[PDB]
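Starting off, we have a lone chain in the form solved without triethyl phosphate (TEN), written out as structure tokens.
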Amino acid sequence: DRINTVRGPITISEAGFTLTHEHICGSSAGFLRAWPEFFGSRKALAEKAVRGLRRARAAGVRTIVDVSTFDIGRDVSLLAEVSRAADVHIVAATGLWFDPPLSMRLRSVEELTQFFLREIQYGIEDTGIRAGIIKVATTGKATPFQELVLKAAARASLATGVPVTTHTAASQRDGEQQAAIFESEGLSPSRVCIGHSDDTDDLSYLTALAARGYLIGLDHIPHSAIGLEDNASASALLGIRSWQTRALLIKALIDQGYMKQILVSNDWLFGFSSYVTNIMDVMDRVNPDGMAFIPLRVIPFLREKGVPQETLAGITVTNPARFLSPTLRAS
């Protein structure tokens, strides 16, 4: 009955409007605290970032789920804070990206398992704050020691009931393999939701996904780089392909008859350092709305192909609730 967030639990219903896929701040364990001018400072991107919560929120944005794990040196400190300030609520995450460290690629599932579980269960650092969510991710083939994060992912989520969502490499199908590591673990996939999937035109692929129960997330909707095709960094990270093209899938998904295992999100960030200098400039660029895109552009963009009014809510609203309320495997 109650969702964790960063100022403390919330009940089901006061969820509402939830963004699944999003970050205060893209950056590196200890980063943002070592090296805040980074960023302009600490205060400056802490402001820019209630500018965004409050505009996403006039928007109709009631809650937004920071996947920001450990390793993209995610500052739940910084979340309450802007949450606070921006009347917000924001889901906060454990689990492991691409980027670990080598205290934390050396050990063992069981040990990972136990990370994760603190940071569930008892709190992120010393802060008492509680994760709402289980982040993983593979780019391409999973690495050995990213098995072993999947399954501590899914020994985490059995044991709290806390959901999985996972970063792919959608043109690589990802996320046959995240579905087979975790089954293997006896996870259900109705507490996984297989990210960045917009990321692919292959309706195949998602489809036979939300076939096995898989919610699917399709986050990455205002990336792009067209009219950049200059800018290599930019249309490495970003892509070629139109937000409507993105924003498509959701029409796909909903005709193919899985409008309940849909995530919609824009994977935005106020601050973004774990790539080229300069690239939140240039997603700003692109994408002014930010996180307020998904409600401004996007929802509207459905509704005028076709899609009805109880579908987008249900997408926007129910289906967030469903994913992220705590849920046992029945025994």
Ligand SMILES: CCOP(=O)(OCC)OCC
Contents of the next structure:
Number of protein chains: 2
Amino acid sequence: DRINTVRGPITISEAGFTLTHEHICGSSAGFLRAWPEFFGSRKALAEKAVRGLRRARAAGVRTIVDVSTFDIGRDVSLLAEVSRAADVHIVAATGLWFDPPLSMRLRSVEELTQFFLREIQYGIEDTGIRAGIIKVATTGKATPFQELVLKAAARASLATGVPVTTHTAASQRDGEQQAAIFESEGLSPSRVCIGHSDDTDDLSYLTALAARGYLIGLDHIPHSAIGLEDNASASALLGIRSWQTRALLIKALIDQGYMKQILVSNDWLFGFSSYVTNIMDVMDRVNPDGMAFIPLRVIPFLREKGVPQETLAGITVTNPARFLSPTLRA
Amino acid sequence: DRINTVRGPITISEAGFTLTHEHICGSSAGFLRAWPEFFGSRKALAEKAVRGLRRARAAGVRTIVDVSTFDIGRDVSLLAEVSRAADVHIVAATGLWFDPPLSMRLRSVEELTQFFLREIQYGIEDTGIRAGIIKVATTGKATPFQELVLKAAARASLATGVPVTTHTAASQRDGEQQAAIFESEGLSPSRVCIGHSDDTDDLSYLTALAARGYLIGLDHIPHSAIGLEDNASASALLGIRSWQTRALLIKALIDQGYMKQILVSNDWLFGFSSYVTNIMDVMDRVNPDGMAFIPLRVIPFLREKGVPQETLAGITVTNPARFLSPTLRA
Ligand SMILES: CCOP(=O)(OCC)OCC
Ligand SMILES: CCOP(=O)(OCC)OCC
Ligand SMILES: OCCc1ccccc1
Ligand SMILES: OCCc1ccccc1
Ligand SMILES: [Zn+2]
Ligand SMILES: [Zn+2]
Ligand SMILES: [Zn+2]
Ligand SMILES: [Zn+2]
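Having gone through the form solved without triethyl phosphate (TEN), I am curious about the other one (the form solved in complex with triethyl phosphate (TEN)); can you provide its structure?
Zooming out: every chain and molecule, the one shown earlier first.
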């Protein structure tokens, strides 16, 4: 009935236009507190985020799902501050990404489940803020630990109704492996979003997962190093496929009849310490619209390509509400 | 003239009997704040630490150097709380151990230097507490990143006068490689302590480093899985050499004339999340004296073996004061 946000619970109808895979900051556990100057200052980072969120709001965005986990250096207090200042709802996450420290890496599936349940039911750290989604990741074949992470995520999802969203090496078809693990735990595909899906041109892989009930996250739309092939680091991160090429996969999926399974986002950020120094500068040059990229550029583009405005609204409003709403299996 | 502690600066003479390589808690960045229940509770951990520190104080210990770095999940506020409650001085550290997250791993030697300088000159996080030692580590041949870490540590040491202490895979003679890097940066051996040195039976390796001016840290004295060969995990961590065997290396070094280069400790802890679950229980069974092990057991043992009480006092009081005192090279 309600979705947990960093400012408290909201009703489903209050979500409105939602970006399902974003980040205020891409960092590491403890980093922001230990070396804020890496980002100018904590203040500068917050202001930058507020400005970006306000521009996105101007464009129609009401809610963003920040999928930063503990290992992504998620700072809920920062999230709460920025949500209040920008007047944009922000859903926080639990789960683990691909940079877990030893204290996490050595845990059993049972312990990991407890930790995820903690963040969802009790609250994150001592803030009382509860997570509204579980984030997991693989980058090719799952490691044995990654397998434990996926099982624990499925278990926490099963107990709480909270959805699961993932990071994948799409080109390697990681989605297939994740699905298999989740299913083995009895999790329903409809509670799972297979992210970074636009990173691949293989529609056969995407339609196959969609046919099974999975949500497909087309969240790297503005990710492109075209014009910067000069830059190896940027190139390795963003790829050389155009934003138009990525956006067209959205239309392809709709054309195949999977409009109800699609989730779109930018996978944007305002700070990024987990990569080469100065990567943010490069990114901001590439996509000055930041998180407003989807509503300002993608939507109109799709409309122009023949996608009905109504369909577009269902993808940006309806689908997310259905996904985000905590749902227990019968 | 003064040494920085978690409660502020103290004069050299206020240090007294000091344990140079200890930890209040062995964890990971952000862990303690995110999952305190892993340790019962934050409160339970603090009480346990206070009780342990008070017993150590009863035995004569005045100061402990907590060598937990950011990646060891160092929580200075915890350190400050416990120092106040137990009335034991605690010196905090900067540096990096062997579990750095991506945000650290991707940094240049120049950036790393800035971060260490920050913690030493400005303060840790927003606490205003300044580090009094720089901790570094290798576990066999240094990785390229570990090499950057050692150079940055040497640079921060050179600028501030603060000593450097290390973690080594003694059996692999890591000390040799560390020394070479430090020397290449122009750091004086007398500002460096090569730790976990009692982990090896090779006196030739130890006397060689001592001859060069390095301080030798014999800090794993009570580390022993004898009686627990049954337990693979404990065995891999503690080894099967007796505490007596380790303690005798202290006497061997004194006999060779290196009394002024020796530093002794327990490498103890009150909480430990970076290993198998329940490892603390095993450890507490092995050494119920915890940090009081050195004064209660080792000292008398050495005395019995013919080491003059005066020599022992110089090792536990004098050597540490000389090491800890910030010293700029001429
Ligand atoms: C916060 C996540 O960073 P990535 O997953 O993608 C960046 C937008 O890869 C970073 C190493
Ligand atoms: C806090 C450090 O832990 P270790 O270096 O030695 C434990 C006393 O190795 C732990 C993996
Ligand atoms: O109110 C703006 C939300 C929205 C804008 C454009 C297309 C679909 C949904
Ligand atoms: O006051 C006790 C300090 C100390 C105790 C025993 C041997 C050397 C030093
Ligand atoms: Zn991702
Ligand atoms: Zn992401
Ligand atoms: Zn160590
Ligand atoms: Zn240690």
